[PDB]
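Peer 1: Listed below, chain by chain, are the residues.
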Amino acid sequence: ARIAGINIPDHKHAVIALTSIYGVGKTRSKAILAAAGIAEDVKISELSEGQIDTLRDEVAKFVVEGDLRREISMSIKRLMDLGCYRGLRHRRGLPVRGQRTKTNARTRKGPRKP
Amino acid sequence: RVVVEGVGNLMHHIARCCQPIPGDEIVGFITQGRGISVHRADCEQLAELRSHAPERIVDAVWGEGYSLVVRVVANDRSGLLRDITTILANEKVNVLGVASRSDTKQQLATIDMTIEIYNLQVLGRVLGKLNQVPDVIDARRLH
Amino acid sequence: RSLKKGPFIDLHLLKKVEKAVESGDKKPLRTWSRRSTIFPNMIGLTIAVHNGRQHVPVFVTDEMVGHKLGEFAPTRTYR
Amino acid sequence: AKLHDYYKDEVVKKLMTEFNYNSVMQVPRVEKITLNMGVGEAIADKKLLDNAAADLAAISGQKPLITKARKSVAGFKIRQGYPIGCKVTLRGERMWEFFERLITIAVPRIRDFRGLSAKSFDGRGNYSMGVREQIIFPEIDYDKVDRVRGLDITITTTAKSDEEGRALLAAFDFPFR
Amino acid sequence: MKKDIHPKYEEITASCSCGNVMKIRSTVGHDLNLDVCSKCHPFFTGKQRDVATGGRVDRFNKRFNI
RNA sequence: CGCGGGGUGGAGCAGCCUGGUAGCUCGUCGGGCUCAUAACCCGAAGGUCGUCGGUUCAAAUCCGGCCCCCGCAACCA
RNA sequence: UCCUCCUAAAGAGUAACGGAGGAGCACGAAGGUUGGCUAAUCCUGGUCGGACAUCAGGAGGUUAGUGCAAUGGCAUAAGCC
RNA sequence: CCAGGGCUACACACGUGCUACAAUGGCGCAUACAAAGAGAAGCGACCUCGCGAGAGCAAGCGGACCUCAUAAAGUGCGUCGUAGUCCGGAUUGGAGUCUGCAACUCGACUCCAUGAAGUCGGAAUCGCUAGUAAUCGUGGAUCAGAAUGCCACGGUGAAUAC
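Each protein sequence line maps, in turn, to chains A, B, C, D and E. The numbering used here applies: residue 50 is where the first sequence begins, and numbers increase by one. The numbering used here applies: residue 26 is where the second sequence begins, and numbers increase by one. The numbering used here applies: residue 1327 is where the third sequence begins, and numbers increase by one. The numbering used here applies: residue 1050 is where the fourth sequence begins, and numbers increase by one. The numbering used here applies: residue 2 is where the fifth sequence begins, and numbers increase by one.
Since the hints were made in silico from the structure, they are not lab data. Among the clues, some could well be false.
[Said to hold, decoys possible] Some but not every residue of chain E turned toward chain D, in silico, with C-beta under 10 Å: (1) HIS7; (2) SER27; (3) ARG64.
[Claimed, not checked] Residues from chain C that face chain E, not an exhaustive set, calculated with beta carbons under 10 Å: (4) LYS1330; (5) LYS1331; (6) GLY1332; (7) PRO1333; (8) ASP1336; (9) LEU1337; (10) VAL1347; (11) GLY1350; (12) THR1363; (13) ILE1364; (14) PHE1365; (15) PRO1366; (16) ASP1388; (17) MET1390; (18) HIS1393.
Where a beta carbon is used, it is the ideal one built from N, C-alpha and C, also for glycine.
Work the whole structure out from these sequences, hints included.
Peer 2: Listed below in structure tokens is the structure:
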């Protein structure tokens, strides 16, 4: 009950169980179980290890956790370093996509505290 | 304004470790953001800049020249510096910032005043009226 | 996320670029076409871009490609 | 004791080539592994430190040495004499078994693994690292921790030059980004 | 060593999914099914895949084709 | 000069008494109520504890010096 | 009233409303003995951990400590277990 | 007149809305019942590709005949079992689509991943007595593209008035 160097959930129907893994949403997760041939219903507890390993080999195909984090850290890095507008926004801790900044944008700007 | 090698209008930022004026001409360093980094032509700090990236640098002049810092130096104090006040009025350009440095290690009385200039000529007479006062053992543009 | 078919750039800009390129680096390039994307051939060029009042220079680099010129000419100065 | 045996053979053999030592005693040898664990929260809850003791007991396989605060310091608002951080100085047979148990299985389980700093040396070659999640050790039931007591390890070496240290550690494979 | 105070310590039979079953001493409980033997961990390959990024130009050309 | 007390948020006063973490009122800020202000109602911020040094793990607090302020005495002459 | 130093002129002692500071207790253990151990402080490395927790090594050398003021003394330790 | 910029800035304050905070709920599968519209330098079936938005091909219709266009709540089955939890969906990265010279400032939408605050909201304050309130979904003008806005339609369907 540990894959990708983490994943230790249970009772959850495998797909959700895998959603726990950073780097995988339900879709990709379902896809994994799809190729694995594992029924999504099975609680990870029911899941045989002789199957879990297949799942490890399965998830190996899809970029996850560690590399993913580093990777995103690298793309954002590029941004803030290149000096592209997106980078500026990230350096300013502000919405990038083009959202209203005059009012909301609390997510990026954090709490209304200041 | 500044004819950055055959083109003006180009956004730039004046360096703050040197005080370029319409004289020796100016070396132009291209910063990441804030476009150009005019650092005057020939300067030690400017030197390291070239040292790490010569390719992103081209010259610039003045096309068609204001704001500068100067370090005047006086003898200790006991008031004759007040004499300098009197001179404040005679100085045409409005003083921009008082910065005495009497500290160092001795009884030295230096003052880093910041002002401006309209023409290099006018600057000439500036140094003149600074050199006249006996207590003004020193008076030169700080870099 | 911006024209699947052929990256877009402005013609006069393109020509100004070739003239620069084959002539070898010469002088920073005045440009108003922020819509123009980037080209490997342009890398090195110090093309300057109008920000609404100033044509600010930018040293094109490899990371700087799949981007448009506007992404380097902030118009809204803030504090 | 497997890789200890390994040491006796391939390790010395190996290094003797790269270091042309005049005599066998000149070859560096790991002397003592030291599992330090400064929770410093017993000052709040003493039993918590006991849980830390459980973990070190669960890893070393032996009772941890509970260090006491050396100095009363306001910087942590702790006074001298208070339990502060438990430790273990496992050496010999034990340390080898643990060492294997370390590089073979413990280390690999380390999330987002990326080698190890080659810069972690006292100059004497006595290497030092610091796991953040004690759970990577099999003995911990994972679920049973109420905390993520990370700890740190000091591989003391008889090596003098830290470089000799690297070499010695290199004989036992080891990460090193 | 001092008797009793130390937790029981015996040679459990560890086993990675990778097949490098190995018997080593510890306490654990009985033993353990693992996933990665240091030999079967991707450092000697993993770090390699890790750097893989850079050179926008090629990607741009993929978009080019004209 | 001598003696005793004091100095804490913007202002007035606690807590220093016995070392660890500073409280109240008014005021300040934001919102509400009102046509508007006030009062009122809700929320929140706000004090390097005069200064310097020393003692202590730790000083608003303990000690000494200093500045400032108040009170007392400054008599037989 | 008592304790430490200087004054005090290298024995002792030696005054001033002379210069500097403490005591009016503490502990059954902080005592007795046996055995064992030895600091402070910096640098280097190291999960949380930072100027400062714990660990390791080095430098270092008693600059530490010695229930309390100072003086003398202490590793054979009188210091610590 | 022009290009580019700006009307989208961001310590903050307020108004008005949409979405949630869940179990009369979410999710998957199957499945029932609308009215009102709009359409040609438009609507664009079917068919083919794509995970998708769409792309290619392409009839019918400027219209009770064609298209937009399977309404959704609901119903049946299953699952989740009270967790910040399969709630929630912001934010961001990467990868795309379409409009339009052109999407950087600054478009909408799609996929992958991510998955924040929030667990029913202080003082205070609003709407509503019937097919109303509430709740669900559909359409249109505007419009190249671009709404949670607005105007409009229908389904479900109350409470309470001493």
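Peer 1: Quick check: which numbered hints come out false for this structure?
Peer 2: As far as the earlier hints go, 3, 8, 9, 10 and 11 are violated by this structure, in ascending order.
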